[PDB]
Structure formats: structure tokens, C-alpha cells
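So this first bit is one chain, no partners, the form deposited without the named molecule, shown in C-alpha cells.
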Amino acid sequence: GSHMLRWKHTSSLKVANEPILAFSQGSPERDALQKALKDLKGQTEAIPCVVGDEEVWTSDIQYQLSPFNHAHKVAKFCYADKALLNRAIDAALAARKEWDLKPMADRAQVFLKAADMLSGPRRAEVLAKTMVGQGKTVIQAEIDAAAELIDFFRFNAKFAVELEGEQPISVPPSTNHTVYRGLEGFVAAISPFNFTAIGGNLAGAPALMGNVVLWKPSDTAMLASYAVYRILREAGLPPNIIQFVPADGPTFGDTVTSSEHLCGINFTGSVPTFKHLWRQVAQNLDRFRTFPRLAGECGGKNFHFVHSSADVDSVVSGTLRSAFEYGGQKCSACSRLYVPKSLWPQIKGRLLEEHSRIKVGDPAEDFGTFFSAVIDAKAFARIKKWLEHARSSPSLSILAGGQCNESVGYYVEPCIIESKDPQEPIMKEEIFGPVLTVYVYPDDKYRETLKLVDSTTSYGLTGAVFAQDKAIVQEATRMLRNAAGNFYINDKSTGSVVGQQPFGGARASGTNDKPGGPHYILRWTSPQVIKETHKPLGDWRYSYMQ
């Protein structure tokens, strides 16, 4: 009764979060970052599409601009045409079986090696490219392009290696084993401008699980995205496993959703784009060899809710960070603040005072900068329209900021607005700019106002409650259960850390597959269970039939 299939013991991996560096004066990391920033000043990188190991140029030339100095073209790249995208698909599919058959531990090694490169010798590079290309300050680049990306790679490797140890029960005369197959076909990874790490995860997590990927990075994050790609290849990712294919968005979506071999879309960005892709897949359902898996994390209209028992200083600092870091360009950024009347004079005074101290400027040249320009001309225009709405709306008053200037960079000052109307459109719609709206509620209506927090918007991403009263915290936690997939008690609504706050939310905010947690990788495997029986079968009849 010898076993013809033999299964090897599965190993474990010890990982921990990547430490955040301090960038203190004279420190090696501060010196290295300054050098890398100097290396990028006045430079434009010509970034090709990469299919297999071939650098390919099309005639559709595009430029990435430095948000705080838009005269500086930080990258010249090109959009893959439909022909090149289809060639990339074919090549990826031809490489898939071998990659899928590789031991999980061997695929994981690529990402572990990449993580170590990012941690050490390439840290300054990816930080600097994120600063110059996406407009991040030192610490915003550090938490993103270094820590979060490194953590995705290490933690997902751990989760994936350990997943193979999740095996079914065997009873004589049979042995059962689960094979965690990659998905059959190719995955389209479509990433947003605002986090370098998200691009790496969107393309990298499916690849880890044995998939092949067409990665269309965000135009406005091209420089750092390519840096990450090159690191993966240097770390040993074989050719045709991730195709680096910048492209016109609609063109890319049209092409991948037209392929019979599409098996997944891993998306992060706006709701309408995700819905469009979902509908395109549904329209073409009959052509696909299998049912494609769509993962999408989208926007939020996130709240900080203050109870009268709150620590005022914590409300102020936490809210300033959440609303204004990276110019409020986070899916998790606080954009609505609910304050009880009893605390409003104290909080208003402190917000206005601290507001006056916030420095907006060039993050490469002035490390005193709290945040810099927003990402591009389109973002600037949208934010400007909202500022104009605030000035025109009788229910809205600008308390601080309101200025903007796109002469050199896409600069918008932090803006604090008070709304007398808790249902004003500005309380509902995601601006993705440094624009905080405050609604002041009477203390005696806190319960009713909690219902407003829950019902006002279509989103369910992040939210915080500031309160020191335990009963109130318990009550608010119950009431806001579905208002936030990442919920915070006495901390700011941003800054989720891999393995500590797995990230995502529902309602209109996406599919909530919790990248950063141990279950995310399951979306990118389609398990097979093998049963081997070690003894001859008996008769087809059963004894009870006699």
C-alpha cells in the first residue's frame, strides 16, 4: 500500500515589522536620502514597458511630473498598445505553469530578498522616488515605500508558506492533501498613485501565489513603481511573471477584460473605475475559461467622532495628521470631524492655532514641510472646485486656509471648513485633498449624531472615536460596526500597519479582502484537493442491499 504521492514537510517563517527609521540629523539614512534626492534633481528617467526581459517602447509617450515642481518631468514612459498588452498576456500564460509548479517557499524567497533590498541598499532610492514623483514627505515615503512594502512582502511570504500547512484530515485507506494552485489564467494588477507599496502588493501578492500578472502602474507613481519592479526582477523574479505595462486606463481595462484567460483583477483606486471593470467582466462572462476574481479597495469619506470626554490634544493632533498628511490623499484620511458643542471652543482654537504652524512646501528641499503639493492638475482642479463650493454654500464657512496656487506646484493649503448642514455634499463626497469639514453637534444629541455618522455617506472605510468614557466607547463601537472596516479608538483614522491593522472596508469602499492580514492571499489561490487511496476498492454493492 505504498504512497505514490509523497508530500514534504512544510516550513515556517519568522518575520517582524520593518522598523521605521528616525532620519535624525547626521544619521546614515538621512544622509543617504539626501544623496538620493540630489541624484533625482534635474533627472528624467526613460521608463520602458517590460515584457519578459524585453524593454519595449511605443509611440505613446507620457510624462510623470513632480507634483511640487511640475516643470520637472521625473519620468518619460510610454503606454503599451493593445498589441503589446496581448503579447504580454500570451507570454505570461506561457510562463505560468512552471511558476505555479515552483515550491511556494521558492517563490517566497524572491519577495524576502526584495524586502531585504528595500530595507537596506535600495531604501533611499525608493523613498526619494516616492518623494519626488508623488510629492511625499520623508516620513510619508518611509512608512509607504519602505515599511509597508517591505512588510507586505515579508508577511505575505510568511502567510503563504504557512498556508501550505493547512491540510485536511486523512483516514484509512486514504491520504488527502491540498495543493494551493495559483489561478489558471493571468491577473491584471491596477494600482493607484498614492501608495508605492500598494502597487507592489497588488502585483506581488498574486505572483507569490503562483499567478502571472500584467501590472499597469499609476502614471503619477511611475518612477517609484518601476524602481519596485526592477528590484523584484533583481531579487530573482523570473521573466514573464510580472509584465510591467503602463497603459491608458480604459485601453488596459478593455484589453484584459476581453481576454478569455483573465482570471483576476486586483484593483485599488476609485469606485467608478472598479464598477466599470466589474461590468466589463460580467458583459464578457461567456468568453472566460473560468470566473474571474475581482478584488477592489476604493475610497472613503472617513470620520473622526469626538465625545465630550475626549482628550482634546489627542483629537487635535490626530485629526491634523489624518486630514492633512500627504495632503489628505489617502483612502483613510479623516475628512469629516464631529465635535460636541461643549468642546468646540477649545478644539476650534487649537485647530486654528496649530493650522497656522503647518508648513506646505518642497519636501525634498525643506524637511520642515508637513505636507506638499497634491498629485496632479486634475486633483488640483477638483479640490479648487470644492474650495469654491465652500465659499458659495450658505451652510459652509472656511475657518482656515482656502488658498491654492498651481504656478510652480499643485499647492493647496490645508483647509478647515465648518458645515452647519450634516448632509451637505462636502460631508458626503470624497475630495482626496487637504480639506477637513467640521460639524458641531449639541452634546445632548450624541446618540442621534452617531446615527448620522453611520448613515450620511456611502462609504465604510475608516473612522475614529475619541472618548475616555468606557460605556460611550462600547456604545459607539456597536453603533459604528459597519461604518468603518478599520475603526480606531483614541487614535487617528490613518496609518494601518501590516499584520497589526489589516486594511479595508465595505459599503462602497470595496470588497474588503484585508491586505495586510493573513487571509488576503486566499483570493489568489484556487485549491485542489488530492485523495490517494491505498487499497483496492471492494464491490459496487453495499452490505445493506443484501
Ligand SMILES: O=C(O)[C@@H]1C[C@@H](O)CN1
Contents of the next structure:
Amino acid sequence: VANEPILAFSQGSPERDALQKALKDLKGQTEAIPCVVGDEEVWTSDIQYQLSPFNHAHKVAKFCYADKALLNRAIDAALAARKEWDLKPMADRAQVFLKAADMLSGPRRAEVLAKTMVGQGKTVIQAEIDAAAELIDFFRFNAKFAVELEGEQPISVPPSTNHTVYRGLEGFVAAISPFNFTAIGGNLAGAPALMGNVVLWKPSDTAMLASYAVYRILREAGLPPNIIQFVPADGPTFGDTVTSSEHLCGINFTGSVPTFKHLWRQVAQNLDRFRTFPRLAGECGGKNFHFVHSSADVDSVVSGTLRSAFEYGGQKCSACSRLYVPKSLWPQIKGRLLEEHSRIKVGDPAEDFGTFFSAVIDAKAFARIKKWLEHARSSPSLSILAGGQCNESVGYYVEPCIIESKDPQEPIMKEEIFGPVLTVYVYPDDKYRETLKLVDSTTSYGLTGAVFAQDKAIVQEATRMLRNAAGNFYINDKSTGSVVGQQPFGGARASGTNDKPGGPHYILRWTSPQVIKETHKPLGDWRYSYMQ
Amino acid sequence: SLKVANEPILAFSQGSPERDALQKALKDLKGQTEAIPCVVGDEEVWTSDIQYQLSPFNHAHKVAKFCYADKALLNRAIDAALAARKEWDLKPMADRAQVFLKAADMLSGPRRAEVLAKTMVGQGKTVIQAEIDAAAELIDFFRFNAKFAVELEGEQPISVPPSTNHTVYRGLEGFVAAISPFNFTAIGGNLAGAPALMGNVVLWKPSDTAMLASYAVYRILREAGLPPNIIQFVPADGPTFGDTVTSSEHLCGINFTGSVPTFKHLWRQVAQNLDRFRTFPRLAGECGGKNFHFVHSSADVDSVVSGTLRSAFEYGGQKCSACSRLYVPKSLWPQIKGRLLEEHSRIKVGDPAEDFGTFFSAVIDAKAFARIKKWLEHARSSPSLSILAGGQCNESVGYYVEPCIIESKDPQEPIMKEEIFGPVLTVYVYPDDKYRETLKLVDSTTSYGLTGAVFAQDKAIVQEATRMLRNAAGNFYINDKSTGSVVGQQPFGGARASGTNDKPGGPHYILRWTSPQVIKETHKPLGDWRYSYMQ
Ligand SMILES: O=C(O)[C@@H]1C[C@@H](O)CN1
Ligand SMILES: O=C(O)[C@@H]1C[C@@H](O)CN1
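What would the structure be for the form solved in complex with the named molecule, rather than the form deposited without the named molecule?
After this comes the whole thing, all chains and molecules, with the earlier chain placed first.
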């Protein structure tokens, strides 16, 4: 398989016309999205709404929370379907995801793009690299990796033949996905299902519209009933219920560190009830850096940092939020950042394709980001250089904000904001090595980071010093935008278990291999010849 | 790339060089006690907590005197290992692999008799059980894991202009605690060695009852060039060791083989302390089984008998893979029962160093002897149980237990569910026409999922049983015994209560001990931050 092409959406292109039509189709619409258990559409009385981030008077979806009883019924029905699904040949399960990929690539591309734009506030290009390219690639590449894994077989020596069976996990997997990438939900539920597991998928409230579109495509591509249950739910209720089931065998999580730790501790408390040891996979965010050496190409520093810090409002686990600049380059980089900042358009991405990024996801995110801006107006070490405005009267709109910190270990240099907030620390050129150590030691995270430098010896030194500061490390490129099969994604420290979705080993977390030895001759006597 | 093959099993025939070498090594150990220190870096350290390892078949023979590391020494070993980790992790994978390939060659040749003899005298193994363990399996772990690790570096991502992508297989940041069991010398070498191969530093707590052979393996690794502070040799009280390593903010992994309750205890300790760790520790555990031999009416009776006798009673049944429940159809039970009882009477139990005619010897220690004796007494009191053969034991000289064959009328008797780790086989006879119902009982009776075998010559029965028993065994055998997996051929492990099933002996095990980093280097300027569609 090859990577899905990123379309250019030029004027008069087929994809731009198709997208504009899909956006027009959605403009005044609310979809009633039920829970799906097997083939049954289930409504509870716990009604919820997904709002359009840039126009929160527009309810894009009405959905409901599954209660404990519905979740337990979804577990029971999934468990009853698991054996038949696990016994299917790997190629037959892969075919579902390959057909779903082809649907997303072609006739459903505009739909999933438009639903990600209106429901999660993404611009055209951010929806294209997410709901199309990345999700399509997850499905195609994981299918390839899984079919290839069946060929990894042990040595056979006469008179015995050995065969490895890549079993699904026995039980069900709980998939808990975040708002910020439509593709991640598809992968968190889809990769375990591909490997023969059955899944309860709790999608993110703030991404329900696009998440359900993906779910329906999987069902239409041939996913049998009760292999993935579509079960929006209150977060704590969902976690309590699945960690209370004796049949839990895995959690595939992406979200906050505290939630992942909570789930981990619930599993540990309940170890005595489970039939097997559940497998927890988590990607938990980062406080990612762009580190600049005095030899860097300034124009690449500027555009790469503007994109990494502000695309999709900074709402990426991989977004740059700390920029380290040598004093000798600061007049250039400050001047260019501030001039380009004034050209950034924030607005409605469905109506204005000139928009660079739009509103942040919801009222909770808006309130959290505003608190950080108020902190930046209070702290003696912080100064807002540009931006700092926010307005939630129409959408949850936060202007891009550039802050300078005189303190390299200020809280704003350490804590994940998940908003369009970039903090810059200016270091003396002669304190370069000491500052590299600060990049490594300042935060608890280890997800992404970039070094900009045109000096080979400097790049080699920085690469060694930052070896554990980033699981996705970039030389002269921005810290966001990993591509399936090219940059498998994840990191350690507090950023998670680093199972590297997008690479060939991720699917191994969702299989429990069995080795069958068949002997084709009689065994003979139990004694040994040396005993005589 | 690396070309390796399994280590050949030697025959130990009369007059052979390996038989003469082993007899000399055994003679050299017979009257000896080795004083085994803790090793931190290159320093031999003694504490006041003196302990002894006894010869299981002659417990008046203290084969080793060692000591338990105290909490101060354990924390000093952590600090020193962490201070050595970055240099070791930055070594090329091929350079780390060379240590284990050299160690494997030493074990294969000049050190073979030493590690065999120490496993025999210290753990009670016969010649062949020591040979398949301390020689063949340990050598194979070192050679095959080295091959798998060198080849893993060639698993690289796609690059598209203008960028080049590379995966760096980093060791875990922190230290790994390796906690090994008494019953296989090879397992301790793998539990400590495989993480070290992948760039980790390790605190190795070996089993008290396997100390002599475990230290022999440790010395061989150091002689093969393992640098100081990469593996710390730290025998310790079990609870004290777990408390110390799970209290360190730098714990990144636990590689464990032993009991279910101990593994669960460590897992809960890590969860309790989650807020202090720099990263999320990785727990790997293999935790035993209650393994089955299932016989269909089409089975070859001779293979059933010899395969079950070996699986049930070799090394006294002290294997995580040993068969302890045998399911026999009523039609074959007369033939099988008579042959089992006849062959049972020919099984020699005795001193494995003095009598190479010994089939198996004493069990490992007084605690195992006491546990097995209580089960034998249960077999004499239960109305559903009857002892068909064996049943006696005697601990006056060694911890000697006869092989015992019990028939249960109840497929759910506690002796059909609980791991004894002794030479105790329980047989359940089922009506031929209930073989499907009985297969469901094989699958549902115990909490374990490690090994199992089906004996049948009917192809359809084999296929049917293979489907129904899919999750009853992670190592499944057709017309062969449930013990004796070979590295590279039957990667070993199972799920349910048997552990995390990381399959040591196969190509994926080492992936638990690496945390990959992907580096993207872009070779052209980035251009503008706007996109063309925005114009
Ligand atoms: O690198 C990035 O920004 C995206 C987010 C994750 O889905 C991984 N790829
Ligand atoms: O299958 C067996 O009996 C041994 C025990 C483990 O070391 C794996 N190989």
C-alpha cells in the first residue's frame, strides 16, 4: 500500500466542489445519532448535543449517553459475536477496512471532511489530512501489517510442524477516543477489531458527528453486527462500567494523563475479577518544543513554528508550545513572527477558505485557555507579544497568542494548554548546551520536538541530547503532521505507553499469539538413552 | 543480519567427552559451598542477611551461601545502573548483541559442564533436564534474541522527498527489575538478558533456590564483556525487593516469572505509585498453568502414555508447562490405565548426580514438599479421588516425592484446578459420546491458559479440538507432550491467568523492552505557512 494523496483543493477542482456541496448540505442540519448495539439504534433519556465550535448556536448533532445497563448489554452482545469474528481469516477482516478506506477515499471523502469541519472546527486542509488521509492510511497500512504478520511463522523441524495463530484478545476492548482527530477514533476502535477483537467505542462528545460517519462507513463496508458497539457515554460512567467487567481485556485510550492513570488504577484495583490481564494503551499529550540553533534557516523556523503552534488552534498532542531561540536570531524571528501573526485569519472555516484556523472545541477549552492568557497578563516573567484576545459570543474564538518568558521553567513552559498559545524563551548564544539540557529537563512529557540547525555537528549533538525528550523528533521540520508509515507516532515519559500507531508493531498489542506444534510420528519411550 | 540455529542437544553416551566433563564438574561440586555475594558494578557486597541454598536431593548439602540485598544496597544499585544507562543505550545494537553471542559460545563449550552441574546439584535436575535448560534453552535465548534484535533495526519506515525517516530502537528510560523463578536456569538469563540486550539496565533478583546456577550465568555474561552496572546481581527478600523497585521514580519495567499473586501484587504496587514514575512502567509476567492432555478415542495409546509420563513427571512436574490433568475416554481407559501403571513402576526416583538412571529427583525445597504432601493427603480424604499409583513421600534426606497418579470422578475437583507444581497427575475418564461436552470442561475448568495437548489421529477431531481449545492454551500440542518448547520453534506463553503472553522465544518478545523514536530529517526549506487553497 501507498499513502493516500493529500488533495490541493484548488479553485475548480472536483474535490473543492464536492466539499463545498457537502458543507452546504450540513449548514442548517442537526443529526440524531443513537447508540448502536449490534444493529439496534438505542436512545436513552440522557440527551446530549454536539455544537459547532465556530457557531455554537448550531447543534450539529443530538446524541445520548449509554447508561451502565446499556453498556453491559453491549458487552454481552459483543462477547457473543467475538469467537466467529476471531476465527475469520485475517484477510477477510482486512477486506472490511480496505473497502472502508476506498469509500473514504472516494464517494464519502467530502462527507467526512465536512463533518469534521463543522463539528470539530477544522479548516479544509486540517480535515483532509485527518478524516481522509490519516484515517485512510490507518486502515490500509494496518491491514497490510496484519496480513504480513500472519506470515511471520516459527521454524519447523521434522517430524513436527509449528504454526503461530494470531488470536484476538479474549474479552472485549474499550476504545476511548479524543475530539481532535477523527482518524484517531477510527484507529482506536478499528485496529483492535482488525485483529479479531470486539470493541465498545466511546467516541468524543465534541467529535460525535464525524465519528458516527466513520462508524457507518465501517458497517456499510461489511463490519458484522456487535464487533464495534457505538456507545457515547459519560466518561466516568464508561470507565467504571468497563473496568468492572470480568471480560475486559484491553483499553485503547487517547486523552489526558489523569484519565489514563485513573483507568490504570481502576484496572489494578479490579485485577482479581478479570479473566486475563487487561492491556492498557494510552497516548496522553505533550508539551512539545521547537529548538532553534543560531545556524537555522529563519524562514523555515517562522513558517514551521506558526503552523505547529497555531494550526487547528494548537489543539494537537504534537503542537509546538515552547520555542527556544538564540539571542542573535531573536530580532529576526520576533520581527517575522509578529508581522506574519497580523496576517493570520481566524474565522468560519466553512464560509471562508482563507481562514488559517477557527474556534477552539468547546466552552471548557475556551475557559481553560482564557485562564492561561490571564496568567500571561499577571506573571512578572511573561509578556504577551501579540494576540491575547478571545470572544465566545458567536464561537469559541481565541486569537493566536505569542508570549515571551524570561523564565525557562515558568508553568506556561511546562503545562499543556491545548490552545493557540506559543511561549518563547530567548537564550544566550554561549549558553546553547545548557539550554539543550533545559529542553530535556523542564517538562514531564516526551512526545514531539524539533531542532532547526544547518550545522551537522550541532544536529548530531542535539539528537543525542534530546533522545528521550521526544518520541517523534524532527530536524528542520515542524513538530506536527506525522504521516502513517513514515513517522509512526508516540512518545514515552508522561506522554503514554508509546505503542506507535502508524507503524508495523502497533497491532501486536491487540493480538495474543498461540503456537501450535503438530508431531507426525509416534513419541517412543519415555526413558532417555543416557539413562541406560 | 545474523545466521543462528538451535543448539544441538548432546547425547551424554558412555565414554563421551560431555559425559566425562559433566561427571568431573559434579565431583567438583559434591562437597562444596560457594559464597555468592551481591554484585553492584564490579563490587562484591555482603549484608548481614545470610541465606543458604540447599541441594534438593541432599538438603544437608548447602550448595551456596548468599545474602539478601538491603534497601540501601538496592537503591545504590539503581543509582549506579542509571548512571551507566545512557552510554549502554547509545551502543550499536550489534555491539550489545556480541556480548550475548560470546556468552552463548562459552555456555555451549567450555562452561557447559559447569552450568549443567550447578543446575543439577542446586535445583535437582537430571542430566537431560539440565541440558535442555541451562545449555540449550539459555544458549538459544541469547543467540535468537541477538538475531531478532539485530534484524529489528532493519525495520524502518518509508521516506518520501524531501525527508528521510529513521526509527531508533531506544532502551527504556529508567531501570528494569528482573525477577526469576527456581525451575529454569534459562529463564533467569532471559529475564535479565533480553532487556539488557535492548539497551536497558537491570536489577536482577534471582531465585533463592537457583542461586548457584544463576550466579554462574551472571559471571559468564560479565566475562563475555557485559560492562559494569548493566545487570546488578541482587538476591533479596521478595517483598523487600518489590517494595524498593516499585518505590523508585525511575522504574520503567518489571520482567517477572513466578506466581499469579506475586505478579498481581507488583502490578498493584506500580498502579499505587503511578504519580511518582517518570514514565509508565511495563509489566511482563508469566505465571504458570494447570495444563491438560486431552485424549480422543483415535489416539495412539503408546504416545499418550510416554508423552504424559514425561510431561507430568519430568523434573518432578515442576514446570509451568507440565501436564497435571489427563482426560481419557472410557473406551481407551483400560489400555491406558494398565500401561500407565506398568510404566509407573519402572520410574526411578533418586540422586541425579550419583545415578544417571534417575528419571526425576526430589522437589525443590521444604515449602514445596509441604504443599505437595497436603495435596497427597487430600487425595486420601476426598470421596471423589482415589490414588492409583504412588502417594508416598519422605524428606529425611531429600525432598523426595513419588510420582503419583490420581483418578478423579469429579471434573471440577479442586485438584483439577489448582497448580500443585509437583509430580501429581489427575485423570478424569469421560464417556466417549460426551467428548464435545468434555472439551468445554477442559476449557472452562481452570483459570489458566498456558499449555495443552490433544492426542487424536482423526483429522476432523483435531480440527474441532483446535478450534474449541483456542484460548485454553497459548502453546498447543497435537500428538506431542505439553512440555519442552524450543526457542524459535514454539515461542512460549499463554493468557488468562497465565500472564501477559509476551512470547519469549519468538521474534516479538524484545519489542516489550524498546521504546522507539522516529526521526524525520527534512532536506529542503519549508516555504510559506499558508496553503494554496487559501488564496
Ligand atoms: O502528528 C500529528 O500531529 C498527528 C496527530 C496524531 O494522530 C499523530 N499524527
Ligand atoms: O516448555 C517448557 O517446558 C519450557 C519452560 C519455559 O522456559 C519455556 N520452555
